[PDB]
Amino acid sequence: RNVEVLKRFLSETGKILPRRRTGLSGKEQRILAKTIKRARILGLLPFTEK
Amino acid sequence: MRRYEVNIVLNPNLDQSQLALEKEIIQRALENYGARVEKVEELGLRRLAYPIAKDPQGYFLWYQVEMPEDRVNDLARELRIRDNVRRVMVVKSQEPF
Amino acid sequence: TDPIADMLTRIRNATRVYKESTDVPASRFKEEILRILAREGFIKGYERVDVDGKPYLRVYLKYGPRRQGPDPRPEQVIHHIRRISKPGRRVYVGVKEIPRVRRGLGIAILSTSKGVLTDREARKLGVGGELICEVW
Amino acid sequence: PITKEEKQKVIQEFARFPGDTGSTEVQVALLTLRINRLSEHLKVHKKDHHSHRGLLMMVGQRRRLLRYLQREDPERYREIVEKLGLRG
RNA sequence: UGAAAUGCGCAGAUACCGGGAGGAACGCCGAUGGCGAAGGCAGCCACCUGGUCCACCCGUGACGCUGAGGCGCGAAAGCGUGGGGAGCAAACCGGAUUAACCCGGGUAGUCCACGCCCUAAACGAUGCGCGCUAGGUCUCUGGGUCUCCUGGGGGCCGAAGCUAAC
Numbered sequence: 035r036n037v038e039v040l041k042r043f044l045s046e047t048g049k050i051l052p053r054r055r056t057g058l059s060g061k062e063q064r065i066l067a068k069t070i071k072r073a074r075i076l077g078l079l080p081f082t083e084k
Numbered sequence: 001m002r003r004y005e006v007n008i009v010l011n012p013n014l015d016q017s018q019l020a021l022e023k024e025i026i027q028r029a030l031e032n033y034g035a036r037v038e039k040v041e042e043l044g045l046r047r048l049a050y051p052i053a054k055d056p057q058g059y060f061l062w063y064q065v066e067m068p069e070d071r072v073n074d075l076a077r078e079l080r081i082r083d084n085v086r087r088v089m090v091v092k093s094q095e096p097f
Numbered sequence: 003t004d005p006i007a008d009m010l011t012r013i014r015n016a017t018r019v020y021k022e023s024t025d026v027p028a029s030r031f032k033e034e035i036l037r038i039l040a041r042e043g044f045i046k047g048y049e050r051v052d053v054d055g056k057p058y059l060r061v062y063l064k065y066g067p068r069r070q071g072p073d074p075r076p077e078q079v080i081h082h083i084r085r086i087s088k089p090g091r092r093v094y095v096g097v098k099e100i101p102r103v104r105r106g107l108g109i110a111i112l113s114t115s116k117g118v119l120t121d122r123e124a125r126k127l128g129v130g131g132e133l134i135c136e137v138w
Numbered sequence: 002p003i004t005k006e007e008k009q010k011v012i013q014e015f016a017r018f019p020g021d022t023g024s025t026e027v028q029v030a031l032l033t034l035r036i037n038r039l040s041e042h043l044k045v046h047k048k049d050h051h052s053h054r055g056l057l058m059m060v061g062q063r064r065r066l067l068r069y070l071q072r073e074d075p076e077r078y079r080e081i082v083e084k085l086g087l088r089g
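Chains as they are written, first to last, in PDB author numbering: chain R, 35 to 84; chain F, 1 to 97; chain H, 3 to 138; chain O, 2 to 89.
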């Protein structure tokens with residue numbers, strides 16, 4: 035819902051939208067932090083990425 | 001009554017028969033814990049962030065039920081006992097994300 | 003909790019920052035106080051105001067002429083404002099024990115037996131009260 | 002997991018009149034309900050000190066709610082303490 | 001490690017590749033951050049449960065505030081019982097330097113749970129602590145609104161206090 039409209043930053047299913055580590059992004063990312071972590075437990079390359 | 005969400009990953013080498021069996025067992029086991037299947041989706045075969053059982057890929061399943069709060073951890077355990085079940089994930093509120 | 007002290011305090015911080023007025027909790031015992039300090043000159047006066055149904059006693063801070071030379075901050079009138087007899091440390095005095103304000107230049111609010119009077123108004127009527135506070 | 006609907010009952014139960022949702026009796030009533038719930042928690046999570054603190058908070062607050070209704074009107078005070086099973 | 005000793009020596013090690021068993025600790029995001037009574041806690045998820053903030057503003061009605069005994073409780077630490085494994089590690093052992101704490105191996109031990117115990121803490125915003133009052137700009141956090149306001153943190157002030165931290 036309240037996620038910049040484009041898409042829920044919680045969407046950890048369709049990881050077709052790359053974005054790991056980072057540090058800037060935008061506004062709050064605490065809810066996004068858990069997202070990435072939730073995806074990594076399923077199928078999100080936890081390698082390194084740059 | 002707490003609504004949840006489960007993400008199961010079966011063996012990527014199961015036939016339509018064996019695959020159908022697992023689902024019939026998962027949906028069943030859920031009902032045994034007061035879980036009502038509100039919707040099911042079969043994502044398919046993607047790629048794990050880590051090779052489980054020497055398998056870099058697996059078949060993902062999608063479930064959404066509203067089972068008792070004090071019986072969730074009991075289901076996940078009742079599901080991960082299956083040799084086919086590569087892993088299970090549970091969260092909260094409709095679709096998982 | 004002391005309503006009076008808290009009030010006389012606002013009056014102080016009001017002059018330090020140099021404000022035109024300051025609102026205070028409306029009260030009978032407080033009204034008389036502000037009334038006296040207005041008859042002397044410590045304050046330009048007060049007025050009743052009901053904020054959203056809540057009564058207050060906003061007072062007008064009075065200031066003297068301009069300083070001796072190029073300098074803003076007008077000359078203050080209330081050089082001090084503390085209380086003597088206060089909760090816990092009740093301090094009462096008699097007509098023959100009446101305190102001494104700052105050499106006449108001021109007034110010692112005394113809650114005598116004849117209404118909130120000063121050091122002289124009490125000495126005259128020959129009545130003692132409670133050392134509310136000394137202003138100068 | 003409770004505490005969401007049962008409130009209406011507890012409130013309307015100790016409500017001195019239609020519309021009362023905060024009287025001395027109501028406050029203690031609903032507050033006591035919380036203590037009982039919390040009590041049933043510590044017994045399961047004895048290693049939970051934080052909540053244990055909040056327990057004494059409501060218990061200490063509740064007792065204060067009692068002593069008050071006691072010196073102001075020991076009539077309802079004796080009734081509330083009885084309807085709550087408090088020290089029969 | 002700048003040296004070297006030590007160790008590796010059933011074998012074929014160490015840095016290679018894949019798999020298996022066990023235990024502990026758990027990166028990037030973690031940030032002048034946040035929460036909580038203190039301690040302490042930061043992979044993630046579900047459940048039980050506490051405290052706190054904000055809004056409209058109905059209700060009961062200052063039933064208040066601080067606070068000595070008492071009760072519970074702090075990092076590391078020692079102590080008793082049951083018990084498995086790993087990392088690190090003071091006493092211990094050795095090389096060297098010298099004429100020592102750096103490096104290597106390393107068991108007892110440190111660990112987890114219960115019980116006993118519970119100091120200097122932190123910090124210096126703590127004599128506690130409450131209410132009111134003065135008060136602008138910039139960056140950051142939360143809610144309802146959106147030149148705002150209530151409630152935090154950091155930086156530079158004005159009045160005033162403290163000369164003796166300027």
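Please note that a few of the clues may not be correct.
Said to hold, decoys possible - Partial chain R-side listing against chain F, Cβ under 10 Å, derived:
(1) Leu44
(2) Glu46
(3) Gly57
(4) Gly60
(5) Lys84
For the record, the hints were derived by calculation from the structure and aren't laboratory data.
Yeah, the Cβ is synthetic: ideal placement off N, Cα and C, and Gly gets one too.
Here is what the structure says about each hint:
1. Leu44: holds, 4 Å
2. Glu46: Constraint on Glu46 (chain R) satisfied, holds at 5 Å.
3. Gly57: violated, 21 Å
4. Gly60: violated, 18 Å
5. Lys84: violated, 17 Å
The structure shown violates the earlier hints numbered 3, 4, 5.
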